[PDB]
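The lines below spell out each chain.
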Amino acid sequence: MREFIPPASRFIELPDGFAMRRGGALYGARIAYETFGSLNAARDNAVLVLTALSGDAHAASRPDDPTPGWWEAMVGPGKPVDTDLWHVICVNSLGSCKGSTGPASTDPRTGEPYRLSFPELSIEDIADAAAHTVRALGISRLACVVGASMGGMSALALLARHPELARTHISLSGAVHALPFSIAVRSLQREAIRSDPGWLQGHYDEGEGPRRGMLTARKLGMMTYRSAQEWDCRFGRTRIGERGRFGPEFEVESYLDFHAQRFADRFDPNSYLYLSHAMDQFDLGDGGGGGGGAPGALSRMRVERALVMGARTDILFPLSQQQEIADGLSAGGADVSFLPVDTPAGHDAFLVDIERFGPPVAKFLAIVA
Amino acid sequence: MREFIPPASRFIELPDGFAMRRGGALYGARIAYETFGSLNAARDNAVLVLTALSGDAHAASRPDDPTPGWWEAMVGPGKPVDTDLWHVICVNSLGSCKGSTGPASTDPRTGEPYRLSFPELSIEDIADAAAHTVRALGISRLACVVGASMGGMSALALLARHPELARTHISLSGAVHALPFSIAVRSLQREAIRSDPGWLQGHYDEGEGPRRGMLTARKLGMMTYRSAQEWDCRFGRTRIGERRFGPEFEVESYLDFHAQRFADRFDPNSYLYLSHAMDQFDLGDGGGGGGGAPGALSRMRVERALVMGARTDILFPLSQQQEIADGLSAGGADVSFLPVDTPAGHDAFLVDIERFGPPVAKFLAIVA
Numbered sequence: 001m002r003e004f005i006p007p008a009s010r011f012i013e014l015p016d017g018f019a020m021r022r023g024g025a026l027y028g029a030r031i032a033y034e035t036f037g038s039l040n041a042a043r044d045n046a047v048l049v050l051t052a053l054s055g056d057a058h059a060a061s062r063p064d065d066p067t068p069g070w071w072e073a074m075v076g077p078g079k080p081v082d083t084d085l086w087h088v089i090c091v092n093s094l095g096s097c098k099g100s101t102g103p104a105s106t107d108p109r110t111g112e113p114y115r116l117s118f119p120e121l122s123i124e125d126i127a128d129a130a131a132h133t134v135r136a137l138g139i140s141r142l143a144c145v146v147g148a149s150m151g152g153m154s155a156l157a158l159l160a161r162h163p164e165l166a167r168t169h170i171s172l173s174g175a176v177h178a179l180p181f182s183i184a185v186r187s188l189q190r191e192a193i194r195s196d197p198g199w200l201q202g203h204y205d206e207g208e209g210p211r212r213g214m215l216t217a218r219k220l221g222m223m224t225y226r227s228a229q230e231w232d233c234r235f236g237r238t239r240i241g242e243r249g250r251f252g253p254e255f256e257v258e259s260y261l262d263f264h265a266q267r268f269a270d271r272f273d274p275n276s277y278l279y280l281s282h283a284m285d286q287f288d289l290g291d292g293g294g295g296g297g298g299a300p301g302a303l304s305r306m307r308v309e310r311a312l313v314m315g316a317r318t319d320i321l322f323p324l325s326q327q328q329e330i331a332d333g334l335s336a337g338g339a340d341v342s343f344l345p346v347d348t349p350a351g352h353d354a355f356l357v358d359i360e361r362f363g364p365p366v367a368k369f370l371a372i373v374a
Numbered sequence: 001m002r003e004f005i006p007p008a009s010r011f012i013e014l015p016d017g018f019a020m021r022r023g024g025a026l027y028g029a030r031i032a033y034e035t036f037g038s039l040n041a042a043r044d045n046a047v048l049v050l051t052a053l054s055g056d057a058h059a060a061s062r063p064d065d066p067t068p069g070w071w072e073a074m075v076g077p078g079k080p081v082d083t084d085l086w087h088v089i090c091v092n093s094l095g096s097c098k099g100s101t102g103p104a105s106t107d108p109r110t111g112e113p114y115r116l117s118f119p120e121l122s123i124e125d126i127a128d129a130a131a132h133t134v135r136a137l138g139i140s141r142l143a144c145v146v147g148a149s150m151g152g153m154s155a156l157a158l159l160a161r162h163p164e165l166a167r168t169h170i171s172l173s174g175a176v177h178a179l180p181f182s183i184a185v186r187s188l189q190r191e192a193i194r195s196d197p198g199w200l201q202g203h204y205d206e207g208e209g210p211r212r213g214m215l216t217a218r219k220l221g222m223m224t225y226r227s228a229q230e231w232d233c234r235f236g237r238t239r240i241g242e243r250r251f252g253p254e255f256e257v258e259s260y261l262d263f264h265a266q267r268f269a270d271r272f273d274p275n276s277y278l279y280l281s282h283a284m285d286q287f288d289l290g291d292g293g294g295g296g297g298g299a300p301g302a303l304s305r306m307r308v309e310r311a312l313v314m315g316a317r318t319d320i321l322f323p324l325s326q327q328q329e330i331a332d333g334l335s336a337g338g339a340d341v342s343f344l345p346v347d348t349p350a351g352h353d354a355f356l357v358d359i360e361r362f363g364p365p366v367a368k369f370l371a372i373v374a
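Those protein sequence lines, which keep their order, are chains B and A. Under the authors' numbering, the letters of the first sequence match residues 1 to 243, 249 to 374, in that order. Under the authors' numbering, the letters of the second sequence match residues 1 to 243, 250 to 374, in that order.
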């Protein structure tokens, strides 16, 4: 299969040829999306959510798919992103494997999966595909565009390329571009996959594939997403309660393997490579002829208000990167609320510490309403 | 060669039947060591140095091996560990592959390398072997025992099991036992090696072997031995200078360059054994176990100690060095605890001699 599509997924076909930033174009492509909450008469209460690398469009549960979403505590009736007030639209990023066209999808020209024939993917492509999706749904201007992690990059690209499409912006643990450490981490993750003989140069298809490499990729990621101190605090030196050479012995090891399995079981290796690479290549200030680099690009955006948050313990996208986003948007006239979160959950905080990330989001949206 | 032995290495043979903590024994085994500086007539100026996992006995350059040592700036005439004052004895840890008996060494019973038949290794074994080495050299009491990183664990095990062997102690970024984060990191490092098809269940032969896996192990280590913040402010997003999904950034080339140097001089199996030993050690299990780790520390007989750690160390967090200082102090030792404000993280004791050297020099000046 290689594609893991939520049962209530809906799709917007990307008409004819969808040109990709680094060359080539996609034909017969589509974007999977899901909505939560009612769109009002003026169609001015829509909120687009661009996800992290591993997410899908099922941000929250619904009657037609009661399974909890990846942001179940953040999106819903009476929640931080209140669906009683907003029409939330969440899209699976182009290049992914949860419904939107990606490497695991069928190429109409061959009848087979794209695999590594998929055009190099750029954050800008994800943004452009999301913009088309919102417009295809009859929305000309979003009340807000929300982006977290990789989605924070996608959101900035959308604001720079489609300035009239969003009134406000919520940026959670994002960045204008990747710094060396995070690049090194993703490099090792991709290495774990490419070093697995099961990858077969991307032609694993229905075989087991580089499952070993995927597990490791996820473990390395998880270890970098939350503070070392929190890890020591959550597991200590506790041995596995389950009680043959050099195998796992500590609960922390069992914990990592358990979650690594779930990821490896629901993600396409090639899709992972493309998305990971896109994160390393994105650079908001790199082109267009405007000048000033990233700060300049942020200043030229047209959002009226913005909420920018980051975790003090985040080592993937350090707090300073979120502050840079806030400063640039403010330099351009936006009314920006910046909030550093004192959480031990690092980069994963926007997902696992909604107790802390939620209230500020609710506060901001109450002003936008 | 399976072993990477410094040319000026000397050896002390371990008694046949040397008992390993987790079972089994060693026969025809030995410990490789090197010395720097002269021992005085009274034999009261000896300083033992227990190294980090990747080190060897060549702490500094010498006439019979001018190659720079792993602690070149720390050990020598007029340096922090002044060889004009001390007879420095540095030993290669048991289980390593730089001279001391380990997985890559020849098992006298078979005439072939031990490979995975080497008995499971414990920090306590490294300590016992080092203790035998010191005594074999006719030294009844060291002026000081220095331990860094893994060596910090080894040194504590030595102080606990052989209390009359050392007068003072210098503990650099050590711990009484490993915390979860470091265990997870080492687990992944070992995984990178065992996942490499070239490992062959430890029966790899001459030529590469699980080289790619060894490279990954070292890269993951380097990425955790230093502050993530320090990384971002050293390479930026510069691409590789020399012209699917391969490396592109200078930070990647840097990691690969240094990782290869490691893979070229370390035995995979030896690495696995040493790494595992670090996860298994718990100073609290010793001496009846009364009072756990703090109790063991208080029961030690050192008179003075210098305990240092890096504020940015995430493998052996500062709290662990504070624990060592408190335990030793609670037991009567005159302890000097110094948190170092450095961005070098765990590797600080190796790369930031500017901040680690003065304190060590001052402490030893008092011990002199």
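If you are wondering where the hints come from, they were derived from the structure by calculation, not from laboratory data. Each residue gets a CB set at the ideal place from its N, CA and C atoms; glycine is no exception. Treat the hints with care, as some may be off.
To be verified - Facing chain A, a subset of chain B residues (Cβ under 8 Å, in silico):
| hint | residue |
| --- | --- |
| 1 | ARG141 |
| 2 | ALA228 |
| 3 | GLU258 |
Interface hint for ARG141/B, Cβ within 8 Å of any Cβ on chain A: 34 Å, violated
Minimum Cβ distance from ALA228/B to chain A below 8 Å? 4 Å, holds
Tell me if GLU258/B is really an interface residue toward chain A, meaning its C-beta lies closer than 8 Å to one of theirs. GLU258/B check passes; min Cβ-Cβ to chain A is 5 Å, inside 8 Å.
Going through the hint list in order, the structure does not satisfy hint 1, though it satisfies all others.
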